[PDB]
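Next up: just one chain, as structure tokens, the form deposited in one PDB entry.
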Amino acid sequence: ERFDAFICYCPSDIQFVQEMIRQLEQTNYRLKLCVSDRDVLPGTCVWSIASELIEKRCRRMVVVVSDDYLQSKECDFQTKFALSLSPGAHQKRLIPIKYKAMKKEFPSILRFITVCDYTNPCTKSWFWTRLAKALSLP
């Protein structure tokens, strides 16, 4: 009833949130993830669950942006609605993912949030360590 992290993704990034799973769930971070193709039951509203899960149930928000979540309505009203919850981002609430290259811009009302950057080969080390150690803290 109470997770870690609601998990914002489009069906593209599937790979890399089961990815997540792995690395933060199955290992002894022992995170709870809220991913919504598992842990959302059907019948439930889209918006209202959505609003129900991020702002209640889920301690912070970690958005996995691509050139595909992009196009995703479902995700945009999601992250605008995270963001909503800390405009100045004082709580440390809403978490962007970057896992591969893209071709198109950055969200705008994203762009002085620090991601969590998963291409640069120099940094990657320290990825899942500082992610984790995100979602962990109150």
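For clarity, a rigid core is taken as the largest C-alpha set superposing within 1.5 Å between two forms. Numbering follows the first chain given and starts at 1. First, how it differs from the form deposited in another entry.
- Of the residues checked (94, 50, 34, 97), the rigid-core alignment between the two forms shows a Cα shift of at least 2 Å for 50 alone.
- The Cα shift for residue 75 between the two forms, taken after rigid core superposition, is 2 angstroms or larger.
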Second form
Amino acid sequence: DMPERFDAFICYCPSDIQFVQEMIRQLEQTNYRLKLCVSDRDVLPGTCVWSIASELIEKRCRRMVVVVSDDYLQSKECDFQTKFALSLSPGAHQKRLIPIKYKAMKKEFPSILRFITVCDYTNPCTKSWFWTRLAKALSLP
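Now that we've seen the form deposited in one PDB entry, could you pull up the form deposited in another entry?
This part shows the chain on its own.
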């Protein structure tokens, strides 16, 4: 049934839901069998993701995937993600946050995501086994 522990929480704003659906579906098709959660799984019919209470995320989720876009930068989710990131010990950010950009942006990354490496889905050179390498990163202890 519902995991007590998850490989990742996926943080995203509603405007980006189509990418999240693609992402979860592709991750689910790798061999990695990740436990993924979101705030509300009801808006992601067809996937295996779980809903989780926001106050449990830091305790129960090894990492947080952050879907970054222009719309995200203006959302309520980005505010929550920023508070979450700031709660982490310096040096913990690179390990526990995985930002992912899927399309062009007119805006710069938020202060706390600028320094960490980004997963750039738009980059032609990432095109090799993209979802498998992401799954691998998420499975790591």
